[PDB]
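K.L.:
One letter stands for each residue in the lines below.
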Amino acid sequence: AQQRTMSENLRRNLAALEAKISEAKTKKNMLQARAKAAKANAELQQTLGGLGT
Amino acid sequence: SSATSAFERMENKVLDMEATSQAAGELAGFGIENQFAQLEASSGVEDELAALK
Amino acid sequence: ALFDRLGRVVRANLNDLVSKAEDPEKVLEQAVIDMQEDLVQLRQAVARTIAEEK
Amino acid sequence: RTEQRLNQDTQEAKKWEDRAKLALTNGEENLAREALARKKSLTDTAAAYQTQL
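Chains as they are written, first to last, in the numbering used here: chain R, 1 to 53; chain F, 101 to 153; chain E, 201 to 254; chain X, 301 to 353.
Hints in this document: simulated from the structure, not taken from any laboratory.
Just to be clear, a hint being listed does not mean it is correct.
[As the list claims (entries may be wrong)] Once the Cα atoms are required to be at most 25 Å apart in a straight line, the calculated BS3-like pairs of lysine-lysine come out as:
hint, chain 1, residue 1, chain 2, residue 2
1, X, 315, F, 153
2, X, 314, X, 340
3, X, 340, X, 315
4, R, 25, R, 36
5, X, 321, F, 153
6, X, 340, R, 25
7, R, 27, R, 39
8, R, 39, R, 25
9, R, 39, R, 28
10, R, 27, X, 340
11, R, 20, X, 340
12, X, 314, R, 25
13, F, 153, X, 314
14, X, 340, X, 321
15, R, 28, X, 340
Chain R extracted, bound-state conformation:
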């Protein structure tokens, strides 16, 4: 009875981590592109304006 309670606690939190990794991988696809876009846009904003060289 004790083992069964302990195992359930472990069985549940395993599912939570696997779901969490899935959540991270799903975002990581789009975040990488967001970071690339932002820098190029920032470089462009300087170009459009007079700021810097």
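We have chain R; now place chains F, E and X onto it with these hints.
P.N.:
Frame of chain R, contents of chains F, E and X only:
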């Protein structure tokens, strides 16, 4: 003498921390029942399809 | 801003100097020659992709 | 990429739906219930995909 006499008492309070963690996780996201309802709803249609053919 | 300006100046002086060394008749001839060699390699690149089609 | 991921999940989910028909035929509820659980797992991921797209 008897590491268990003291150490188990510590384990018995580490257990509380886990129980708190577990309760918070389950409370935050219930998915077993939500998934379960979908399973038994699916089945009734399968009986109708089986009967026809 | 400041270093950014100076680093443009270094590039700019070099850019003028190389353009002086570009003769127009010779540089034009050489570029056409390069393009022809490149075209052959590219045709072979397509051929090796067509190889896996076969 | 998003389109490609969604494509896979919808069709693997269908193969589970086919497997459920077989499981009921054979007479094994456990495989039938597992097939439905696996189908749902991919249904949820597929949904997430379009959003991501």
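K.L.:
State for each hint whether it applies.
P.N.:
Checked hints:
1. X/315 to F/153: Roughly 20 Å between the alpha carbons, so the hint for residue 315 of chain X and residue 153 of chain F holds.
2. X/314 to X/340: Holds: residue 314 of chain X and residue 340 of chain X sit about 10 Å apart, inside 25 Å.
3. X/340 to X/315: holds (12 Å)
4. R/25 to R/36: holds (17 Å)
5. X/321 to F/153: holds (13 Å)
6. X/340 to R/25: Holds, at about 19 Å.
7. R/27 to R/39: Holds. Residue 27 of chain R to residue 39 of chain R sits at ~19 Å (cutoff 25 Å).
8. R/39 to R/25: With a Cα-Cα distance of about 22 Å, the restraint between residue 39 of chain R and residue 25 of chain R holds, given a limit of 25 Å.
9. R/39 to R/28: holds (17 Å)
10. R/27 to X/340: holds (21 Å)
11. R/20 to X/340: holds (18 Å)
12. X/314 to R/25: holds (24 Å)
13. F/153 to X/314: holds (20 Å)
14. X/340 to X/321: holds (15 Å)
15. R/28 to X/340: holds (23 Å)
In this structure, every one of the numbered hints holds.
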